[PDB]
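One chain follows as structure tokens, the form solved without this ligand.
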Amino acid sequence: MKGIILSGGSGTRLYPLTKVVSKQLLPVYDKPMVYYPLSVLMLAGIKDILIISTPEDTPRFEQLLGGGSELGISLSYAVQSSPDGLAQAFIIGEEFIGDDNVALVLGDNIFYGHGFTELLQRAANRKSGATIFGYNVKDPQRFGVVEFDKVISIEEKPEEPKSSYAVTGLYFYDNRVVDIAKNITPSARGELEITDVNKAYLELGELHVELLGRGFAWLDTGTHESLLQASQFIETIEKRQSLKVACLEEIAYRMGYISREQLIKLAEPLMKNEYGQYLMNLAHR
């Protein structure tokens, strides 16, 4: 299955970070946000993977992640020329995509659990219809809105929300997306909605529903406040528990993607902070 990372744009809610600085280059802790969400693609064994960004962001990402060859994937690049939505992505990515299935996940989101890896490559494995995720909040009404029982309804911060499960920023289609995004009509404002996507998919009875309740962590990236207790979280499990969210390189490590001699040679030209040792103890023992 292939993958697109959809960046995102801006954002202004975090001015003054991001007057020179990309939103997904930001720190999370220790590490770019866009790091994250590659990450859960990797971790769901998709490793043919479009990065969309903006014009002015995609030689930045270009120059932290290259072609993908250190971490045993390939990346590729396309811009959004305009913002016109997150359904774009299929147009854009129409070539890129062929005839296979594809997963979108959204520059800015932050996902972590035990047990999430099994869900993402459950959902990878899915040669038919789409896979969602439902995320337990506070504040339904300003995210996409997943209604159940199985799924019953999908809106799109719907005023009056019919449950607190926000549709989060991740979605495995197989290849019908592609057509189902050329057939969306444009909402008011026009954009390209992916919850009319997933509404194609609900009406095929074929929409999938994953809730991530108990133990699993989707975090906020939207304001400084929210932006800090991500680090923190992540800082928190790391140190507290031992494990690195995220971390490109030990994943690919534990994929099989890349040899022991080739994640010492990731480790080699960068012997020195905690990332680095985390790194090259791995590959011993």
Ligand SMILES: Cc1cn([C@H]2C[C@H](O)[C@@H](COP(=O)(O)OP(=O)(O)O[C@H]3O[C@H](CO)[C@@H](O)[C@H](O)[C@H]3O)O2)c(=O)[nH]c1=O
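Positions refer to the first chain, counted from 1. In this text, the rigid core denotes the largest set of C-alpha atoms whose superposition between the two forms falls within 1.5 Å. First, how it differs from the form solved in complex with this ligand.
In a rigid-core overlay of the protein, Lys272 has its C-alpha displaced by at least 2 Å between the two forms.
Core-aligned CA deviation for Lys138 between the two forms: less than 2 Å. Annotation for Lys127: C-alpha shift under 2 angstroms between the two forms, rigid core superposed.
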Contents of the next structure:
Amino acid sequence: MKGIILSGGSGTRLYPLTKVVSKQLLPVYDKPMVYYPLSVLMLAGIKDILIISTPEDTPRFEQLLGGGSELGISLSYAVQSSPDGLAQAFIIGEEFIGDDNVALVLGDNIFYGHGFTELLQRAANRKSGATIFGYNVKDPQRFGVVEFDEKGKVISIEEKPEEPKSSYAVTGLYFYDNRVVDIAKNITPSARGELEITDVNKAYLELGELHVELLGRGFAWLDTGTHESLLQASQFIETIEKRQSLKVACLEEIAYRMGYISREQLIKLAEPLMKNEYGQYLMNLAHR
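Please give the corresponding structure for the form solved in complex with this ligand, as opposed to the form solved without this ligand shown earlier.
Next up is only this chain, free of partner chains and other molecules.
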């Protein structure tokens, strides 16, 4: 499976933070925001990944992450000339996707919880249909909202409904089979002027092929869309990492743990970083 990170947009709410930095280049505690959705695609077993951003920001992501060889993966880049909708990812990424299935993750989403790696690899290995991930939230009108059965069967899906049909947000992580490219070409802009991922999911729902996994109250799903929520997410990660010997979304660690790179290769990455705690972390891991 291939994966795309949609890592553009204006980040208007975070102004002036986003006047000269992409929202997805801002810190979440100790690492750039984009590390977090990238880690999710890596843990799903996805090694061929396209990162989409604005004309100004795309080369900044490429500066940060490179072509992926350090992580035993392939990273490519594409520009989105205007933030015209999530569904544009599959239009921009058409040549990249080819005939393959593809996962999409939103650049400003932070997922964390027990059992997630297993859940990801399951979804990544499903060959047909769309898999979306629901989460019970306080203000469901702020999100795509999914309404489902006692058996977990989807009934409806709506983008930012004024009257939400349930409390379950549709989070920014989606797994699709190859139909999604032609689906995305056939949707049209909503009232917000955007080619909506919710309309991609509606197409699968019409076919009876939209499948929801509920993440559960024990899972953390945050986004960094406001100054307050960005700061809370940073605090959340700090609290986790302080207690444990372990980092969240440490890309080099994940590359090693997923078998994408060797112990020796991890040492080589750790060497030029031994001057900081991050390199020290990687080196301790290599020597375990």
